[PDB]
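Chemist: Let chain P serve as the given structure and place chain G on it in line with the hints.
Number of protein chains: 2
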Amino acid sequence: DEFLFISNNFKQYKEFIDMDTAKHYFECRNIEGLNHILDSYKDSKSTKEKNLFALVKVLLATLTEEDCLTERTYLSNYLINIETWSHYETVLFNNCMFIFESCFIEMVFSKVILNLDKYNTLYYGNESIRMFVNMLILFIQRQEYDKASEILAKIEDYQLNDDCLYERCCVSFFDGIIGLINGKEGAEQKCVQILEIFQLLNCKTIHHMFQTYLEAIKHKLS
Amino acid sequence: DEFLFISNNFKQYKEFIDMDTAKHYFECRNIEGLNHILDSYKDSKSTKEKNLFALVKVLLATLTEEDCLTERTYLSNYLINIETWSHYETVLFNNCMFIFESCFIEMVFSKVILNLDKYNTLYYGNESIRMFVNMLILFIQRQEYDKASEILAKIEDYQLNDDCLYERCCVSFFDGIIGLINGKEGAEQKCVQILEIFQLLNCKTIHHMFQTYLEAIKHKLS
Numbered sequence: 395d396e397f398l399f400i401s402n403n404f405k406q407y408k409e410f411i412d413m414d415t416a417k418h419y420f421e422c423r424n425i426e427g428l429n430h431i432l433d434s435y436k437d438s439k440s441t442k443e444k445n446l447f448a449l450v451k452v453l454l455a456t457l458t459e460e461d462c463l464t465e466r467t468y469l470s471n472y473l474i475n476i477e478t479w480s481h482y483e484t485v486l487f488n489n490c491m492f493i494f495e496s497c498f499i500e501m502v503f504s505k506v507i508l509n510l511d512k513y514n515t516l517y518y519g520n521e522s523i524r525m526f527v528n529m530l531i532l533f534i535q536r537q538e539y540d541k542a543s544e545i546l547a548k549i550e551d552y553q554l555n556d557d558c559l560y561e562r563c564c565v566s567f568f569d570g571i572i573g574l575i576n577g578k579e580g581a582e583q584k585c586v587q588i589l590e591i592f593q594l595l596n597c598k599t600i601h602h603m604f605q606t607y608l609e610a611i612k613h614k615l616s
Numbered sequence: 395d396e397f398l399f400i401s402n403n404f405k406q407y408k409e410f411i412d413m414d415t416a417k418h419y420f421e422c423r424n425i426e427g428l429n430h431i432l433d434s435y436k437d438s439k440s441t442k443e444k445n446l447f448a449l450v451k452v453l454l455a456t457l458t459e460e461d462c463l464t465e466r467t468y469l470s471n472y473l474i475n476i477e478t479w480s481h482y483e484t485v486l487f488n489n490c491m492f493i494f495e496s497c498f499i500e501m502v503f504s505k506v507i508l509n510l511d512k513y514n515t516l517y518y519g520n521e522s523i524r525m526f527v528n529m530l531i532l533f534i535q536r537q538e539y540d541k542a543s544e545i546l547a548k549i550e551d552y553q554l555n556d557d558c559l560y561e562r563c564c565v566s567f568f569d570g571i572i573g574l575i576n577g578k579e580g581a582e583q584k585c586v587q588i589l590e591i592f593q594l595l596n597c598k599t600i601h602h603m604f605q606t607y608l609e610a611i612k613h614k615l616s
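So the sequence lines, in the order shown, correspond to chains P and G. Residues 395 to 616 (the working numbering) make up the first sequence, in order. Residues 395 to 616 (the working numbering) make up the second sequence, in order.
Isolated chain P, as found in the complex:
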């Protein structure tokens, strides 16, 4: 029957939806973001309600140049002081890691690296890497090379856990990027080689993405 119907009681899944909704609400519509904030300050009592309000506020602030230090520091606080990693906090982190300072991001990453393995027995098995790469990108666009390299070394030591090759591809490619901006020896060779392996397997989407990135970095290399 549906006794699993009772397993609806974990209906905080709605939060996930709302967040996700808001995550794309950020794209265009503003006034209903305002409505969102209205409703979520009507219900500003619980910690996750506060988290949601904080995120919507953050997005609204990037939309309208507003300062939002309260909500920013709140989110940073919450994500730093979480003990055990659940998908909720990984979603939240992946969403709002853009306004985070690289120290906080570094610490959060330092935390996920152990509680990650449940994604590795299990799209979502890539959520991990989807996080890692995101971080890396944000470091390279923030031009924090030592911290990026720190992530890379950490991940390469933790490459022992997952033998998935999209991982090793990304770490070698971004390593190549580091060498590229640092002006190292065979960096661009690594990058363009990985691009070559990407298009060779006729995986046109990913190859397009990473080629676009490499050419964007080359452009910014002015």
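Copies of the same chain look alike in the list, so a pair counts if it works inside one copy or between any two.
Taking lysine-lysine pairs in the DSBU-like style, the calculated list, with each CA pair at most 30 Å apart, reads:
#, residue 1, residue 2
1, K512, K405
2, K584, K548
3, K436, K417
4, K408, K444
5, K578, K612
6, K541, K417
7, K436, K405
8, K444, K505
9, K614, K598
10, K444, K405
11, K408, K512
12, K584, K612
13, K408, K436
14, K442, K408
In short, the hints are calculated from the structure, not lab data.
Modeler: Then chain G, alone, in the frame of chain P:
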């Protein structure tokens, strides 16, 4: 983490809610019933979408003198042709068993009566009985007494199964009703005794329900 988050894929749970929406839309709101039918004939392709469309059709038709024999026959069809019973169909049946012919209902009772035990290991543990009474009243309100007593005899045979005390109370009360309309021996005594036991424990809601029903039957005894 949330690997139970992946178990969102059983998101046909929406149907339940949708159904539930209509369940209270039927009480008052018409216009969004019309909107519902609009959308559900817009999407009249899948079987449960068809089920929902049929239910909304049914409710709007009881509200607004429409015939809805087609959708009636559809619902009857679906509820006859399920092999193994799930909570979904208990919900659907409990919703639309009002416009049904007692024949289909009879077969449904013959089918659900075995698949009941998931409710019996397990509000919802009483849902089974919540269905039965729904049937029973509808039989007496349709004035089909022999069928009602027949069902009751079956339930008393299946009383061996569940030792829940709301059951024996209900069957004793309705048995009393049967004796009351057939004019059998000391029936109303049994009824008023059961009501008495209800009100003695100061559970006024249930006692109120069954007393108002009993007085309605007393009235119709003209």
